[PDB]
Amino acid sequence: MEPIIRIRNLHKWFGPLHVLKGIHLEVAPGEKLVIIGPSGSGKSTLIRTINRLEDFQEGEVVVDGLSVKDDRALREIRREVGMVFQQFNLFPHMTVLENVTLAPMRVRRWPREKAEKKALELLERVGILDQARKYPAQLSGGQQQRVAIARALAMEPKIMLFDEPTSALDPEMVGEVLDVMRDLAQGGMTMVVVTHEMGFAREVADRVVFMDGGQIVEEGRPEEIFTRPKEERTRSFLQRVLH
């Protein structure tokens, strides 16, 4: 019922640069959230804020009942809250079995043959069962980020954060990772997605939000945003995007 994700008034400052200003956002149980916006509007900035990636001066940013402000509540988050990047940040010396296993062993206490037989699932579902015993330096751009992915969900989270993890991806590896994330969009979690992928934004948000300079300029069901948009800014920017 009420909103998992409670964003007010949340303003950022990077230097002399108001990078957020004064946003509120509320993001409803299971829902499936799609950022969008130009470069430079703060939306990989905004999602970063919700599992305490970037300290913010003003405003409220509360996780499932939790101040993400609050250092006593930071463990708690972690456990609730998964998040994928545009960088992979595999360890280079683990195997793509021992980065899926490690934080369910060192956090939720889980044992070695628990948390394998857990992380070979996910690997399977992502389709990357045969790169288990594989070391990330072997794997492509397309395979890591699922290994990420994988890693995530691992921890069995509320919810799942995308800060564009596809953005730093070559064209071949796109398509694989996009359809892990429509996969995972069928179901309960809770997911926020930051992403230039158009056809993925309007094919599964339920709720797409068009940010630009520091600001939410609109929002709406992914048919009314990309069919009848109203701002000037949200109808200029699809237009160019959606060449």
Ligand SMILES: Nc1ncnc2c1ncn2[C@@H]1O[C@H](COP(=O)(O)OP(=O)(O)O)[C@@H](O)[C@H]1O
The other form holds:
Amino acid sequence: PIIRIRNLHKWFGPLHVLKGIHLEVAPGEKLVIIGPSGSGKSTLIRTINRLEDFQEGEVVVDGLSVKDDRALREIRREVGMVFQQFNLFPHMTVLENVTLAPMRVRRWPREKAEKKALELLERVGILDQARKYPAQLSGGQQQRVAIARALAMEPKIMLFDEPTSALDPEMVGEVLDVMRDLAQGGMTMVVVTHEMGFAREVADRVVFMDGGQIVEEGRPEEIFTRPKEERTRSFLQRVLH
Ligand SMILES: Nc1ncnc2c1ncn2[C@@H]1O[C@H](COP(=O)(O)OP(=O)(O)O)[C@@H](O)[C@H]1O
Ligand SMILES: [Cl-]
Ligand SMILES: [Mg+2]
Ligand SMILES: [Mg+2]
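For comparison with the form deposited without the ligand, provide the form deposited with the ligand bound.
After this comes the whole thing, all chains and molecules, with the earlier chain placed first.
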């Protein structure tokens, strides 16, 4: 599998936040992670691209240990991330924001970088904004720039940590649409979300976290209409309908 996590334990000071997670994600997999805030979802996906370390267990991405100091560069080349907050460079255009890393990191000539960026911007519906600055864009558009930027590095894995959670309600659908499109293809995707209709339509597999644990996982239909675990049923009665 392209992501391999065995017996992951993680402490923030005295707080046992991740409690022996096992997770094996296939190449091409669309994995959706759900669960109450505080359950440990962000922390878990942050261990994948080495934004968080941990004291017990193993985390291996594309056959490389995340704790291998010699991998902490290849890991960032092949793993993209979209956060709920956009961190665009305010004094660079949309286009410049997208081409920066492929130019800095992959040492792509600007003409190559821009050609790919432009195709990506069209892909996510914002080619018209190519020469705008981030402050002229809505929340929906800015997050789509962040997605284009992540994809511009051409990673094998895209992590989405609740990309729509901080957006105005009318901004959510357009960002989710970009993620629906990407899910039609072969990219490995891990997305944390509270958008359950989306989760249900896109996921190969849904993982429910509570208390720093994977309490239940399975196919979307099973998890949403036949949850085998009580805490799962309890979580779904609190948030659905
Ligand atoms: N850098 C940190 N230091 C200390 N505690 C943290 C840190 N980051 C998160 N936490 C705590 O760890 C728990 C898990 O947080 P998080 O992974 O962000 O949960 P979720 O994303 O599921 O809402 C929360 O109780 C949070 O307060
Ligand atoms: Cl989301
Ligand atoms: Mg598929
Ligand atoms: Mg979170």
